[PDB]
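**Student:** Take these sequences, add in the hints, and give me the full structure.
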Amino acid sequence: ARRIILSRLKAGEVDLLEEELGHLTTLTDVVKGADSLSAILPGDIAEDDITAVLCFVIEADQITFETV
Amino acid sequence: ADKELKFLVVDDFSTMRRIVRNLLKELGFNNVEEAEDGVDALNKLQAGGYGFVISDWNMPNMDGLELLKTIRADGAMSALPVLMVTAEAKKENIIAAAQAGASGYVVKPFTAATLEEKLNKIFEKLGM
Ligand SMILES: [Mn+2]
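Protein chains in written order, with the entry's author numbering: chain B, 159 to 226; chain A, 2 to 129.
Just so you know, the hints here were simulated from the structure itself, not pulled from any lab data.
Incorrect hints may have been included.
To be verified - A few chain B residues that face chain A, going by a derived Cβ cut-off under 8 Å, partial list only:
no.: 1; residue: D207
no.: 2; residue: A210
no.: 3; residue: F214
Where is the CB? At the ideal position from N, CA and C, for every residue including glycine.
**Tutor:** Structure, rendered in structure tokens:
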């Protein structure tokens, strides 16, 4: 599967973005850093859709996708 | 954000329309007009001078997604901030909102603090 990485998050944004990711897919191997959040994405949701959703909160440059 | 910014609250139920208006007033926003559906909203937007649209999802004649889409494709109000009000954080609905160009979405019933958070994120995001 693929890997999502979220950077430079402000206070609260890690939980907020974890939940937001919840509404859209089932996350595994979730890693909650102090101002970062990473996880393994099943693949059942198009990446572009994710970016569009998280952008309700953060900026695109704070989102990265890569193979595991 | 300028407190006399003009809001347009769109919902087919008059009670929700009033709730949202009172909430905007609790936040210091008093320049607010209401609309009953997508069609009614587009018609009112024509008057111009609107700085913010808060719209519900479910409405007859024209629902919220369609109102949003029409706003975005309209070269004269294309960048108008639009907050979608939905009754459920539903996966398929949130994507549609995101791709359609919504400035954000909020699940009802919502609080005044939630609305403020929503407004500020949008103001901040657009340098308002
Ligand atoms: Mn409704």
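**Student:** Hints first: check each against the structure and report whether it holds.
**Tutor:** Structure-based check of all given hints:
1. Using the Cβ-Cβ criterion of 8 Å, the hint placing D207/B at the interface with chain A is satisfied: the shortest such distance is roughly 5 Å.
2. Taking 8 Å as the C-beta cut-off, the interface hint given for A210/B holds, the closest approach to chain A being about 4 Å.
3. With a least beta-carbon distance of about 5 Å to chain A, the hint placing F214/B at the interface is held under the 8 Å criterion.
Violation of the numbered hints given earlier is absent; every hint is satisfied by the structure.
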